[PDB]
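Encoded as structure tokens, the following chain is the form solved without the named molecule, with no partner shown.
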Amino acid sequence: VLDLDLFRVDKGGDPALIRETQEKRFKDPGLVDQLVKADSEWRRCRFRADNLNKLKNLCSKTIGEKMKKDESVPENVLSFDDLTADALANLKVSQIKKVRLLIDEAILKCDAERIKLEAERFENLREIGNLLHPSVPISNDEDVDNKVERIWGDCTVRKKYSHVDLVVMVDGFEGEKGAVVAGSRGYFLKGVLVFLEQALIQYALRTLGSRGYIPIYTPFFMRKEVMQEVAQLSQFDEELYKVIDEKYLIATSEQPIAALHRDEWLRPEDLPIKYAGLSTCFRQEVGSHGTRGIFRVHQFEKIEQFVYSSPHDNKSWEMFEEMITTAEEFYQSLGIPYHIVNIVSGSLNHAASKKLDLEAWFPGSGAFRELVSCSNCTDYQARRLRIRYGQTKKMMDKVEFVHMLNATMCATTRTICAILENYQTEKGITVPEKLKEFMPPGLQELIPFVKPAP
């Protein structure tokens, strides 16, 4: 969520800049005007209600000195404007009472507004997205305007089989009974594919590990209270699962890891802190209808990159590029062709300044499909989670919050499909060099077709 001081010109903000961003994503720019308005009303109330406190006091102190010594009149010329220490000392105690009653009744009307405002403010702030990097293509149309930045390896080449067939032909896949047991799209992974996935996971962990990442195995479900801080409203509907306190099944490894450092002060010598998330992830995936394979599925393992960065100096954008670079070199090494894609503003979620997708070329399917997504969220989440930049070297008006980035480096199911269609040959699927050491004996070299293709 954005700093409120950004919506206040007297605090150094530019409501105009945010109005304009709200336009670059495609969303209501008035959502800003309503926030400023409600914020201003909020702020005037705190001011006016402090005046009323003084007027009430003078009232109760004077009704104080008059009971140092029933009888009534309607008697009001007094608007609170005309009300003075002397003006009231000339009045019957019954009249000063009916005035103080008009004050405390106004002081309460403030508290009523303030309350309905504090919310109308927070409901609006939640729906206003983060500032965009200048490089983001401005469009609402994802397919036409996503912009291809780099290409690598041969993305033309066509091969014989789709990954749907190949998971059967090597007999690593039970989708019929998986569909009975867990519901639609449920699956079992058999044999070679289990050993293959373990190799991927090992190679990824080794990779990130030696680049400085700390492998971390997350809990798979989060408290509903911590979840609301790390995700958005369109998350709790589209894909998350409800569990019974009351908890949600994590859709990524970024959720628990963000909440890991919550309400804490990270020291600059310690940044950047890089984690390699290892988790099983669950997505309800509403909107994806259209039959089946292991590619789009409700349950899978991910290896995620999560980085805590300093706010200053562009160290977070430097880290951002370093993060997608790590992702590329991983797929480079496994010999998967891909192209990097800069996602349009309309398709970014609220916390993202910029998003890069690495999309692999699937030779069998003859399509690009997304293996990786990479985001810089700057301080948007950090400020909700209160993760503060912990500098000891000077004195500060307001604290600064760390930058947070997350990339999903490897989603085992999708990556496996990618490997399968790219390494597929005749006898079977060739095992990628970088994975051989991680396969069991007899499974290095090739993975044979044991069964015919549908």
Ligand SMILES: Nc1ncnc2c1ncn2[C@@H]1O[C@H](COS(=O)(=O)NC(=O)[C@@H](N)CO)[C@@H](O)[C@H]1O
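Basically, rigid core = biggest C-alpha set you can superpose within 1.5 Å across the two forms. Numbering follows the first chain given and starts at 1. First, how it differs from the form deposited with the named molecule bound.
- Superposed on the rigid core, the two forms differ between the two forms by 2 Å or more at the C-alpha of one listed residue only; from 80, 188, 152, 236 that residue is 80.
- A movement of the C-alpha atom of residue 56 reaching 2 angstroms or beyond is seen between the two forms when the two forms are aligned on their rigid core.
- In the core-superposed comparison between the two forms, the C-alpha atom of residue 42 has shifted by at least 2 angstroms.
- After superposition on the rigid core, the Cα of residue 104 moves by 2 Å or more between the two forms.
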The other form holds:
Protein chains: 2
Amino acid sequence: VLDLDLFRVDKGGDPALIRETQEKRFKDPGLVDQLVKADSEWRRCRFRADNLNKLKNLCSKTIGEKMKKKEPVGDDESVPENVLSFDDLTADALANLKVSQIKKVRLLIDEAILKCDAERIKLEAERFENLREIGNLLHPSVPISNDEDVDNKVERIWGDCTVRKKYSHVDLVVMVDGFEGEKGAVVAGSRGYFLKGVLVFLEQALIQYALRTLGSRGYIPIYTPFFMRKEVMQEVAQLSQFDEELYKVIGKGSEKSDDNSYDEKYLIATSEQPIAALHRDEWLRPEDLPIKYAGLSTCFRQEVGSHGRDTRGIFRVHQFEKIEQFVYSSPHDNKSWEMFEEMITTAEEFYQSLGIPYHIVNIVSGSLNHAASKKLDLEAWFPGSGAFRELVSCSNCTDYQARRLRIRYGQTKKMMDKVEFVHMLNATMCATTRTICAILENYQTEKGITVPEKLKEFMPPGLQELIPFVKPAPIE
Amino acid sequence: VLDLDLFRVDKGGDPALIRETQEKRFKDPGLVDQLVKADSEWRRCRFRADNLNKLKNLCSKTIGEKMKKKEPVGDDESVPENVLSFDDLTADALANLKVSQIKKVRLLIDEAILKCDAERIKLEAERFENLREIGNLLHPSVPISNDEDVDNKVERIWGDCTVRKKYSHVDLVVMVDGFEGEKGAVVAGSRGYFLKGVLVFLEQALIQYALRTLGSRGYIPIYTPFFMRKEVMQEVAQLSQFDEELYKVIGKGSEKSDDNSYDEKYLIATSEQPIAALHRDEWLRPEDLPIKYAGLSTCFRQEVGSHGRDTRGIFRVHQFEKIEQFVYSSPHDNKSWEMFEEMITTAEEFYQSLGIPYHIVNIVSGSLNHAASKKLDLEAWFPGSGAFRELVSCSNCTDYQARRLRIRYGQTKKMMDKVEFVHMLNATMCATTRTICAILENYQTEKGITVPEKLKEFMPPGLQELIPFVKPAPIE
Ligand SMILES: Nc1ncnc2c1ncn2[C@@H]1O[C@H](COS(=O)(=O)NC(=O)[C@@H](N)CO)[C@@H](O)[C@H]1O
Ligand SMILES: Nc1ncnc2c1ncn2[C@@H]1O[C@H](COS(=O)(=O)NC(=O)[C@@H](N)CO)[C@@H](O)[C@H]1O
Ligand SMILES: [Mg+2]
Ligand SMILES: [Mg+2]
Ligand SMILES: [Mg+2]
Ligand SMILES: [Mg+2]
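What I would like now is the form deposited with the named molecule bound, since the data block earlier showed the form solved without the named molecule; can you produce it?
Time for the whole complex; same chain goes first.
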């Protein structure tokens, strides 16, 4: 989430600058105006809460002074009308009233404070609704457009991206007998699949290779929970992700037979989400940064946005394994942006060793999520399909995620007015199911699929040289 | 589920024999009496449906004959009372009535058939409620008791099961820095964990070894869906598993923005469940049997039955990877029981090569699930803990699961009166999280944990010889 002082004119920030970034992202700029209005109404609520505290203390002071002098207390006990306001409840007005009457006034103030606090919580939630759906500040190099096909700038190109081959990944996944779509459609519903035999070893070869490649570079391999609590998932995901991406999990909340309540959880769509929440509410040391993680988890995506899109193969599925790069970086200097170029090259040198052709793409601001400031995608060339397909997404989220999860840059050299949060970045190293599709199409021959040089070590004896065809192409 | 002809006295079966097996399992025998009563009431409903069809055809016959002779049809159109019963609606009674009247009678019969069919469905569902919660026929060698600690017979003992070591798995998981419990408790809720660094490679070594061990023995490695549809999950799991084991998943059911409906799914607790449903509604060839699968999936368990049980380590968790043996066997001869002893020895020779001490246990009938006819558990010796802990469960479910999922033994040599279903078996090869606990406690030294001879091949360079301590023991 963004800093609130940017929305306030009393501080150094300006609301019009945030309105521009919303127009660049091609999203509603009226959320900025709703933010300022709610914050101004919240501010007035705080002034009312302070006045109620001052009047509560003044009521206690007048009683305390009258207890020392020991007034007859009073048996009236009826609340006077001519004193129940901010202007009327004064020191002189409270002096005329008896102890039993002032106690009745304080009780009404106590009820007013609880009502004011309920208003204060409501206004903060109303403010947060607008603040949640405002995207991060964009990098100057990000192309400002809503169209992807036209305005996505190609940065780097590696390998031959014109040579086309025999079969598509759809036919190749069946020919080697490592796919059961019709059976998976009955078991898990549409798009569900069973990966069998040879492709299980290929996936395990990719996982074993990706972890060793990152592990030697200083990354810490990390296996994460596959589901998260609602309170924590809302901090790492936006409202749209709850609508068209995240699965909802229902649990008991307690491991007791007497319990009848239910806790609502959510399946993760990325290793990014749980690793982001790993250092939640923490003060990270500058000396420890940059902390690098090699996330390993199964990802669950509802994929509601696309219907009739890659419905045959394992390219677009509800369930897939993915090795993730996650780096906690220093906010100062250009550390995060230097890491941003470091993480994409780590993904580049990964697919270069596997012999996969690709091009690097700078994604338009309109297709960027609220967290990311700049995204780079590695779109690999698919010879059988004849088109470029997305394999990697590299994003710098800066201090957006860190502010929400309260992950601070715990420096000890300066005393600051505002707390500085760390910079957080996420990039995928290898998406198993989609990487397999890239390997099958690029290494296809007359006999089968040739095992890449780097993956030969992790393949079992008998499948180290090549993965041969055993079934004919699924004909229509 | 069990065969219905066993409950019927008209067939060769006897209900009293099923009452005995329910008492042996220490479960309600009154479900057998409720089954017979519902089946008898269902039988009478079928006789009523046949009579309604005969009267419907008799109404159509009388009209058809009167259409040929061309009667004045009739303008009465009022339904007579003296004919609206099974005894009163006869050929002579329908002859007196006019065409317009008989058409009104047939419409009431059509409404009666729909009401009778609704009763027929209700009675079948009422019959199934009792049939679902009746366990499989027990093997003669299964000990009949409700107590596990007293009556569980120990079959085989391997290795030294008396030698105790320094630290428990709880301390060992933290000392090598591969566990984050407090962080996982915030992310996923209680019992949630992050496995990091060295233990990620250990898990990957176990997965890579278990798949190659089974793959060379004729098993087909299979990656399964992690969630299943309600209709299919109910066929592989009992009502108790929905109460204290299975997580509920909420999805849209359709990948469209216009859709507002929701489909209820369930996370798998075993690879057994999706692999059992793989050959759902199929006719398996005798020549193809035995079909052997090496299941690989993440298992999700709610673990509601146990509170305050192994709450510190990774031994009892909501989420764990597991390699599963699943065999479709021939019902004839002793093929399934020969495979039952083959699958347990496959699990035995697995932990013998890893150098883990254990004993084989025959579990009492009272603790067996509805599917299993006989269960054998491999309880490994834990030196640091000082007790035997469960790692493997080997079960022969026979034709219980196959009847429910309609998986038939498709023979072509004989013409039979009743369809014979295949025998299905399930046994775990390696439960990653619990196997790690067994390795850490058995291979602990002064420096760290020694890498087992078989796992040395799959460990990364630098962690092939030993996994050293980096942190002190979590002291209280
Ligand atoms: N439905 C799907 N089926 C299979 N693979 C997918 C699916 N959706 C995404 N992927 C793969 O997994 C990666 C996820 O990256 S991403 O969704 O674009 N963005 C992120 O989540 C970033 N945190 C990088 O992981 C993609 O690069 C893509 O290769
Ligand atoms: N809550 C848990 N946390 C970690 N591991 C578990 C948990 N529950 C069971 N396991 C492990 O996973 C295995 C599952 O086997 S089982 O539940 O007993 N029965 C089955 O599911 C059989 N189909 C064999 O897999 C057990 O042998 C045990 O070693
Ligand atoms: Mg995402
Ligand atoms: Mg994209
Ligand atoms: Mg089970
Ligand atoms: Mg057991």
